[PDB]
Each structure stands twice: as C-alpha cells, then as structure tokens.
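Number of protein chains: 2
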Amino acid sequence: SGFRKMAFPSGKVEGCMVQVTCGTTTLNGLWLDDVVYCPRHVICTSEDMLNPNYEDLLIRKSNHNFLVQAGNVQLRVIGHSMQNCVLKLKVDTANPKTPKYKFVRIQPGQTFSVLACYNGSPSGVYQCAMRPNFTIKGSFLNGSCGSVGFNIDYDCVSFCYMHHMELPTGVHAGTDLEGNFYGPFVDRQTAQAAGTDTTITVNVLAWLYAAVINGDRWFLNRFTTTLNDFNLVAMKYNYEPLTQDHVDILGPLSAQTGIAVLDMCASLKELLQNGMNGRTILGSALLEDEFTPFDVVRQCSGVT
Amino acid sequence: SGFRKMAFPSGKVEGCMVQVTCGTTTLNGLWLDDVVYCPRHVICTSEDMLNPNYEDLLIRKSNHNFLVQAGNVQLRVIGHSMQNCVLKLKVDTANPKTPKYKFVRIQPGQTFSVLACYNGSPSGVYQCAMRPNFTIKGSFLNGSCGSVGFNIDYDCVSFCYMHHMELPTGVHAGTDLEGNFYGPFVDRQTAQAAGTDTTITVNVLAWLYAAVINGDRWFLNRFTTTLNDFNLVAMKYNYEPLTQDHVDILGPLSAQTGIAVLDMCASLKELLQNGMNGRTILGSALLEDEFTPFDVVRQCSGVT
Ligand SMILES: *CC(=O)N1CCC(C(=O)Nc2ccccc2O)CC1
Ligand SMILES: *CC(=O)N1CCC(C(=O)Nc2ccccc2O)CC1
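Residue numbers (the deposited numbering), protein chains in the order written: chain A, 1 to 304; chain A', 1 to 304. A prime marks a further copy of an entry chain.
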C-alpha cells in the first residue's frame, strides 16, 4: 500500500549522459549508438540568444569545436548536423551502454521521468507531465539543458523530452529527440508566455482511483453525473474536457474498484465545488494531475 | 529554477538488487561484495508471521534453501547468518557492480531515496523521510520487501533503510542495513500502531527558503518570533520543536536569501495559524516537510 510520485529507475539513462562543450557553453548530451544529441543553443553566446540564426552560427563550428566527454574520457566527433532544434554529434564510438530505445513525441497529459544532469553527471530523478500548455514544471539550473525525459517499457527507454528553455515565469520548454519543441516555444531569449495551465482531468480521476485503492475514501459521495454536466464544471475550473476516450481509459480502474467512472466524476465535481475542507488525499491538499491511468495501474500492480 | 521532489539517480543501487526466494516467499536482496542482505522474514510462512521464532525457523534452513538470482543468473550461497532482523547470505561471487558504499542509521527528519523493486527488478524511485514516529510513507506491495533506501555522496551510496513491514494504517517500517528496526517496530504480524506523525519543522523552513529562492514569496510577512514563541505554536500544530541546532543548519539558506531564520519562523507561524487561504507554495497546498536543508542547497546549487 501507499502511493508515491515515482520516477522510472534512471540507470539505463545515466549510462547515456555526456558533457557537451562548445566555446564557453557546457550542457548535457544524450549518447545513443554513435550519436550524441544536444540542444543546438550549445553554439550560442549569451548575446546570440536574443536573435540567433542557428544555420549561420553553425557555419563557424567544426567537429573539433564540439567537446564531448563521457565521464573522464573524451569522445572523437567525426560529424555534426542540425535537426530542428537539436544537434546530432556523430562520434567514432558506439555508447557500449546504449539501451533498447525509441524516440517518441508524447501528448499533453502524459507523464515521464526527468534525469536532471549537470556537466554530463546525474543530479536527480523526478516525475513530470507534459502540461496542456506544452510546458513542464521541472527543476533545471544553468548547465541542466540536454537533460532528457523518458518512459521505460520493461527494457526499452522511450525518450520524449530534451530540456532547452526556462520561461520568465519559471516553467520549462523543450523538444522531443527529433528536436521539435513541444508547443509554440522557440530557442530564442524573447517574449514567450505559457497559455492556461489547465488541470489534466483524466489524471486527477486516475489518482482518485489510486486513493480509493489505498484506503483514502472520504471524498466518495452518493452522486453521479454525465460527461456534459461534469464538463460544465471542468470548464469553470480550467480542467481539460473529459472525453469518452478518457472514460474508456479509466475502465480497468473502474473495474478494480467497482466505482463507475461517472460516479468518480461526481466525487471530483464536489471536490472542485466544495474544496478539501482542510483534508488530504494520498497526502496532498490539492488534486494531483501528474499520474496517468497507466501510472496508477503500474504502481498499484508493481510492474518492473 | 523550479523545485521538485527529487530522488538520487538509482543506477548504482539497481546494480545491487537481486531476487531472494526461501520456500514460497520471494522478495528482494541487496548484493554488495559477496554478501546478499534481505529481511529475515523471507524464511516465514504466512502462519509463522503471527509469532515467529526466527532462530528456530532458521535451524530448518540450509544455504541451498536460499535461492538468489541476479537477473537470469543464479548465485551460489556458501553461508548464511542472521544479524538482528536481516539475513546475510554469503555468495561465492562479489557483485562486480558493487559501488562505494556505507551502512548508515539515519535520524528522524532525514530524507532518502527508495528504489521500489519486485523479484529483484527495479519498478521505480521516490524520495522518503524517516518520520518522527520512525515510520516512512512509502509505496510497497507484496514482493517489495528488501527494497532499500539510500543517499549518494558523489560516488558513495549510504544505505539507510531496508523495507520489512506495512502497518494496518498503510505506513511502512523497516531496518537499517545492520537489521535494526527504526523505532519500536518488530517483524511480527501483531498490534503495532504508529505514534504521532509530527511535522519536521526544520524541513518545512528549508522548503520555505527553496520557495523564496524560486520566486514563491507571497507568505513572507512583516513579523519575527523567538524559538520559544514559535515552539508554543509548533506544539499546538504537532510540529517538532525547533532547536538552535536547526537554526544553525538553516544558516546557509538564511545567508543566500537574506531572510533571518526567525523571520521565516514568523512566516511559518502565520501559515500554521491562518492556513494557505487556497494558495500554493512550490505547487503544494500543504507545508512540505520531506526536504532537508541539505536537500534544498543540493537541488538549488545543482550538485551531482
Ligand atoms: C539550460 C542550460 O543548461 N543552459 C541554457 C542557458 C545557458 C546560459 O548560461 N545562457 C545564458 C545566456 C545569457 C544570459 C543568461 C543565460 O543563462 C547555459 C546552458
Ligand atoms: C514486503 C514483502 O515484499 N513481503 C512481506 C509479505 C510477504 C507475504 O506475502 N506475507 C503474508 C503472509 C500472510 C498474510 C499476508 C501476507 O502478505 C511477501 C513478501
């Protein structure tokens, strides 16, 4: 029993982190096979970041300007290319610790682990969600760029995020491993404001299921609702609209607990309207929305 | 910027987890050098756990009854001994992945990472604190016993916890790696109730400092207090008494933010008396007490 915000074990990703230096900028790279992936802004001076022309900046860079270090050992760069907002540094050595891996572009509401790194060295691991506004709420200081987000399916690491940017509001923006930003964000030091950080309704419901499974049941009530009625209340509280697809996804947790999805919607409606009244659910005083249905089933069944 | 509940990277500990089977019980063991550490209750049947005599139960067990498997490969057990509530299984092979390590007994209020495992296989990593009542609030299903808690100091893993027990209230009890339970708990299926789960005041203050560092400042006020005045309020709210030792420990965060510890005590006093009024601090609606001062400095400075 018990229910924790739980990251994937980071060992397989730790084996992939290197240091990338270009001129005076040091950040992190991901070494898979004979390719090191890193943010293209590694080539920018402070001054460049106001209005960088990356193709023009890159012309001034040769292979030997990209210093790649795995631990204490230097890697030889034998090629470099820009794909969208990432650089792919070809090295002469395949990472011997390369796990089975995929590059995947996640949807808003999907969760992943981040291995925060500095100078190619892991500092910590935490669980994130791709927010509906395509930011993530991370922990990233200077030197943390190139840190990646991932899921593990048994032995296959699905890499979904590389860290690039902090917005003035202290939230985070980055790319998939093809170098495409999540959302409308750019690798430019410019006016970029995040949109409405809406709550991921299906994740809140999943987490209410996890609560019931783990003995926290005080918020169950005598009510039901409909998708349309619930969604009127979701709208008012900046919650994502709940779809039949979300209802279908919650089916296994419904079946396990014997609580109809719409009855749990009715619980959530009352929590939104009435607040927590100073009570907690799984040790939280707000409605947690960074557990997916799959996360709840995973943690509640003990998948490895 | 940003501040997350962050576990240590788990790679070094992943390399140490094995499966231990005795009769029909499967749980986890920690393989360091040529010793596998596991909970002695691996030898109990369900029936035994009501009033086990471990010395007597152990007489019926030989080396060949302890099945130890690292991945797909079996380890040969060449000796076994009971130390307090752990078994030490001597194996004929030193774990080649043994990191630098220490066994340390932590104090209440100290934090650590847990690598939740099932059948010797890592499922996830999360951050815990040794509660003032010597429980931890974990996530542990059947098969998770022998999962360990640890801190990392650069390259040296300090192992502080092995998981043994869930109390009827869904909280967790375990041992250090010398097999001594934290608190008054025993490896018996009996009436064991946790005492008052008091809030770790020095950790709350550390986390308020982390909030200010990261831009969350709405709770700073015009007030100060004294240790004695603050402690009257702490008593009423089941907070640990704040000592001059706690004040001294918070000195670096005081210096960095320019906020006197006692002024931050005054902030915390108002939060305790007035509540959050529906506001959040670092995305929480309650006062977080599972970040130590050292954790805040670590995360806010980017140590690896
Ligand atoms: C995220 C990361 O690790 N980065 C991106 C920022 C640079 C950096 O120092 N850039 C910078 C330029 C001009 C003003 C401020 C500022 O942080 C380091 C690597
Ligand atoms: C923590 C862990 O992984 N354990 C401890 C419990 C046993 C187990 O199955 N014991 C048990 C006996 C009788 C009734 C219930 C119950 O869980 C598995 C390993």
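No wet-lab data here; the hints were simulated from the structure. Treat the hints with care, since some could be wrong.
Coverage of chain A' stretches by chain A, computed from C-beta distances (three or more under 8 angstroms per stretch; other residues unrestricted) [what the hints assert, rightly or not]:
1) 115-121
2) 165-171
3) 248-260
4) 275-281
5) 290-304
By construction, the Cβ of each residue, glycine as well, lies at the ideal position given by its N, Cα and C atoms.
Going through the hints against the structure:
{"no.": "1", "hint": "115-121", "in the structure": "holds (count 6)"}
{"no.": "2", "hint": "165-171", "in the structure": "holds (count 3)"}
{"no.": "3", "hint": "248-260", "in the structure": "violated (count 0)"}
{"no.": "4", "hint": "275-281", "in the structure": "holds (count 4)"}
{"no.": "5", "hint": "290-304", "in the structure": "holds (count 7)"}
In summary, the one numbered hint that this structure violates is 3.
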